[PDB]
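Sequences and hints are given; from them, build the entire structure.
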Amino acid sequence: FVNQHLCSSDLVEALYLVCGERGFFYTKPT
Amino acid sequence: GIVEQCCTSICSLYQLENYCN
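One line per chain: the protein sequences are A and B, in this order.
What the first sequence shows, in this note's numbering, is residues 1 to 30, in sequence order.
What the second sequence shows, in this note's numbering, is residues 1 to 21, in sequence order.
These aren't lab readings, by the way, just hints derived from the structure by calculation.
Check each hint, because a few of them may be wrong.
What the hints assert, rightly or not - Simulated pairs of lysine to any residue, SDA-like, Cα-Cα distance not exceeding 20 angstroms:
{"id": "1", "chain 1": "A", "residue 1": "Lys28", "chain 2": "B", "residue 2": "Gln5"}
{"id": "2", "chain 1": "A", "residue 1": "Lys28", "chain 2": "B", "residue 2": "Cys20"}
{"id": "3", "chain 1": "A", "residue 1": "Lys28", "chain 2": "B", "residue 2": "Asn18"}
{"id": "4", "chain 1": "A", "residue 1": "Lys28", "chain 2": "B", "residue 2": "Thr8"}
{"id": "5", "chain 1": "A", "residue 1": "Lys28", "chain 2": "B", "residue 2": "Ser9"}
{"id": "6", "chain 1": "A", "residue 1": "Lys28", "chain 2": "B", "residue 2": "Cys7"}
{"id": "7", "chain 1": "A", "residue 1": "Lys28", "chain 2": "A", "residue 2": "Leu11"}
{"id": "8", "chain 1": "A", "residue 1": "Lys28", "chain 2": "B", "residue 2": "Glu4"}
{"id": "9", "chain 1": "A", "residue 1": "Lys28", "chain 2": "B", "residue 2": "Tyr19"}
{"id": "10", "chain 1": "A", "residue 1": "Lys28", "chain 2": "B", "residue 2": "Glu17"}
{"id": "11", "chain 1": "A", "residue 1": "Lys28", "chain 2": "A", "residue 2": "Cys7"}
{"id": "12", "chain 1": "A", "residue 1": "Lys28", "chain 2": "B", "residue 2": "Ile10"}
{"id": "13", "chain 1": "A", "residue 1": "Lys28", "chain 2": "A", "residue 2": "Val2"}
{"id": "14", "chain 1": "A", "residue 1": "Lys28", "chain 2": "B", "residue 2": "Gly1"}
{"id": "15", "chain 1": "A", "residue 1": "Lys28", "chain 2": "B", "residue 2": "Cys11"}
{"id": "16", "chain 1": "A", "residue 1": "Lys28", "chain 2": "B", "residue 2": "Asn21"}
{"id": "17", "chain 1": "A", "residue 1": "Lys28", "chain 2": "A", "residue 2": "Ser8"}
{"id": "18", "chain 1": "A", "residue 1": "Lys28", "chain 2": "B", "residue 2": "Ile2"}
Set out below in structure tokens:
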């Protein structure tokens, strides 16, 4: 695995794995 | 409000496993 800033296509990618079908709420950090 | 860390940092696939909704 890699270790670097996740706020990007990676963060959405992470959840895309664990919560790929659960639809994670990775929307704007309001 | 939870990715605040992973986004502004790096966590473990195990901790983001709780982000599920």
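Structure-based check of each hint:
no.	hint	verdict
1	A:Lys28 x B:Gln5	14 angstroms, holds
2	A:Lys28 x B:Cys20	16 angstroms, holds
3	A:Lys28 x B:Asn18	18 angstroms, holds
4	A:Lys28 x B:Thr8	13 angstroms, holds
5	A:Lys28 x B:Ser9	16 angstroms, holds
6	A:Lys28 x B:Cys7	11 angstroms, holds
7	A:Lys28 x A:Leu11	12 angstroms, holds
8	A:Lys28 x B:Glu4	10 angstroms, holds
9	A:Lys28 x B:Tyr19	14 angstroms, holds
10	A:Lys28 x B:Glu17	19 angstroms, holds
11	A:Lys28 x A:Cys7	11 angstroms, holds
12	A:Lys28 x B:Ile10	18 angstroms, holds
13	A:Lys28 x A:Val2	24 angstroms, violated
14	A:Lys28 x B:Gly1	9 angstroms, holds
15	A:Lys28 x B:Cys11	18 angstroms, holds
16	A:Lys28 x B:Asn21	15 angstroms, holds
17	A:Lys28 x A:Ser8	12 angstroms, holds
18	A:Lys28 x B:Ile2	11 angstroms, holds
When each numbered hint is compared with the structure, a violation occurs for hint 13 only.
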